[PDB]
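2 protein chains.
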Amino acid sequence: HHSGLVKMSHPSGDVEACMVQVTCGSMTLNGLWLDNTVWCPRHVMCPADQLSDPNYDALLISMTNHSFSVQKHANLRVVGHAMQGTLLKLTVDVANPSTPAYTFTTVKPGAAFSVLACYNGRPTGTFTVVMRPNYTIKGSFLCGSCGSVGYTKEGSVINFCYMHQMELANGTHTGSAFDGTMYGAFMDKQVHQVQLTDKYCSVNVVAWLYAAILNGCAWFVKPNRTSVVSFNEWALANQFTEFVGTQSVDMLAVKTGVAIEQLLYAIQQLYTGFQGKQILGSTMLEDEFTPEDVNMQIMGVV
Amino acid sequence: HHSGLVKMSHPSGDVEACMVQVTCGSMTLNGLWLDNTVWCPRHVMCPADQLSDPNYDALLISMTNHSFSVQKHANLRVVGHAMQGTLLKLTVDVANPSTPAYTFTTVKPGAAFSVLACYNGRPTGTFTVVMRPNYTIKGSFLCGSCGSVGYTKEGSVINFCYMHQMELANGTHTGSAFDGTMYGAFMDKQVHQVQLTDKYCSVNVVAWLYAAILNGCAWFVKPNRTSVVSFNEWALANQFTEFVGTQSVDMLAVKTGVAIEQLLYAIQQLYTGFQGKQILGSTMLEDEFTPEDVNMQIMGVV
Ligand SMILES: *[C@H](O)[C@H](C[C@@H]1CCNC1=O)NC(=O)[C@H](CC(C)C)NC(=O)OC[C@@H]1C[C@H]1CC1CCCCC1
Ligand SMILES: *[C@H](O)[C@H](C[C@@H]1CCNC1=O)NC(=O)[C@H](CC(C)C)NC(=O)OC[C@@H]1C[C@H]1CC1CCCCC1
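Chains A and A', in that order, give the protein sequences. A prime marks a further copy of an entry chain. Quick note, the first sequence lines up with residues -1 to 71, 76 to 304 if you use the entry's author numbering. Quick note, the second sequence lines up with residues -1 to 71, 76 to 304 if you use the entry's author numbering.
Note that these hints are calculated values from the structure, not bench results. Some hints here could point you the wrong way.
If several chains are the same, the list does not tell them apart, and a pair holds so long as it fits within one copy or across any two.
Unchecked claim - Listed below are the simulated DSS-like cross-link pairs for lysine-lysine, each with C-alpha atoms no more than 30 angstroms apart in a straight line:
hint: 1; residue 1: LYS91; residue 2: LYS110
hint: 2; residue 1: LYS70; residue 2: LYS224
hint: 3; residue 1: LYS224; residue 2: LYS191
hint: 4; residue 1: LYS201; residue 2: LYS91
hint: 5; residue 1: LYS70; residue 2: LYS155
hint: 6; residue 1: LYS140; residue 2: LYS110
hint: 7; residue 1: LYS201; residue 2: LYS279
hint: 8; residue 1: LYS201; residue 2: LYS70
hint: 9; residue 1: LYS279; residue 2: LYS191
hint: 10; residue 1: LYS224; residue 2: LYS91
hint: 11; residue 1: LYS140; residue 2: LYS155
hint: 12; residue 1: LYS70; residue 2: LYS279
hint: 13; residue 1: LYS140; residue 2: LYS91
hint: 14; residue 1: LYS91; residue 2: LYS279
hint: 15; residue 1: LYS91; residue 2: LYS257
hint: 16; residue 1: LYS279; residue 2: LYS257
hint: 17; residue 1: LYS110; residue 2: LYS191
hint: 18; residue 1: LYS257; residue 2: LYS70
hint: 19; residue 1: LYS279; residue 2: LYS155
Please build the complete structure, drawing on both the sequences and the hints.
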């Protein structure tokens, strides 16, 4: 049996129309052109020899407007520049005529978003990831991908939440929000940095166990229950996020007739082992699908 | 460690600009508007009471041009209609001004393609799948999704390979090629149909074991080797596709210094069990990534 679950991204066309190339003569990376503003990682200003301890304030001072070359695949004349956190805000003389309705938001651990991977201002692929509890994502990015963007979509409105910055020693990725902050405790410097420990996203594991029930797979469901408070105490000792219920989880509980606390108990038992059994073809807990994924893909509920 | 592998779809914008809604008064589904032609599943002509044994030849005869309502989210005036296999070809009076460069191709088992899931002519998500050895895909489709399209991209050229038709009793999906044939032995009738048995895609399992080596994970590699001929004899007895090497696999062998026949032996041993170990965080063989995925995402080679 197939669960009906796939890694589903938003259609990317509206964001593709916003991608540009930004060059400073050292690095080339991607930017996001909205209205009269082009957003891009500030390490475009960095010569390669200084990526390990850049002094971005001094680099910024050393630039003028024509230090930046912006191209859409048009040349966009830069008429202002500023730095916000780990991002540059370039003002250009032409408003993007394809600017979608948009907001800037921060994504929280466990939540999914879509990524448009771009190289040299050209969109090359799209994928979806969940923000990990340690503020990394398990992405697919190579040299030249910085400035690739992550977003969610509410209706017609694109909520931009991520601009790609760097790969960590363990192959995971991180980037900035459009307030210029890096996710987590990371710095946009190419040096060893402590990485917080990752954790299983409990709410998403619950979502996946509900997807299993919705597919007729419920061997792991017993009358036994663990309260949210008790589970969260356990979680802190076992590399699980604390569980916080949402209306999307509640909708899964209503549809299946299985209580959240029954699946919190199940998780505690499954964590110790699947005892040779499988759940939706897996022998380990899956936390890469959200309650909203399950509601939308299996139940049709957005 | 993260492998650097994700399920990567093409950017969807060029195909989004080709999607329309087609209605006959019973069903509404999606169509693909290229040049002056709109392609859509022929069961748009079907009243719901007849989806189990439709007589499509008689339905076709009963239609006229204005039996079909085509809308882009514009109304497109239908000025000709024809049936090719399980698809209708509607001729419209306006050429799609956003028609990309395109071809029609058939996809083969093990190969990946991108899907744009659409409802009521509106793109709603994108995902990637591999064509299974039994000519199904493990997709995510609900009522109203027929006419959603699958495609690959070579350069600027979109190779359309799939138009969605139906869900099978086991939750998997199938559809047609743009020559009008259904993939596999399936019929576009809503009745019980025998499903061929699925198999592990050996070439993709080899690709994934190479991705593991490229990530520093090679515990399963021994000097022991199994020839292609011997492996393929084994595969026929063990629900594996026969292995056929390609230049993309050869490139992985060259980069890692590990021979194909070493990984064919590894597969034969791993099939019987991982003995408590993991490979790229999995306890079972993974066949949803292609040699080309591994070359592109990990090595940068398209
Ligand atoms: C921008 O395109 C680029 C994206 C990276 C490149 C490879 N994959 C990606 O996702 N980002 C960078 O090159 C970034 C630049 C700094 C933020 C200024 N540097 C980066 O990602 O470097 C990666 C290497 C692994 C980290 C340094 C090691 C850490 C562990 C100790 C040894 C050094
Ligand atoms: C078109 O949008 C639609 C897509 C389907 C609906 C649900 N998920 C999908 O992917 N396609 C159909 O509705 C299709 C129409 C026929 C081809 C004319 N019918 C379809 O997919 O029916 C699905 C149900 C499961 C199959 C019938 C059972 C088979 C096993 C025995 C019992 C009947």
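Taking the numbered hints from earlier one at a time, note which ones the structure violates and give those numbers from smallest to largest.
Numbers 2, 3, 4, 8, 9, 10, 12, 14, 15, 18 and 19, in rising order.
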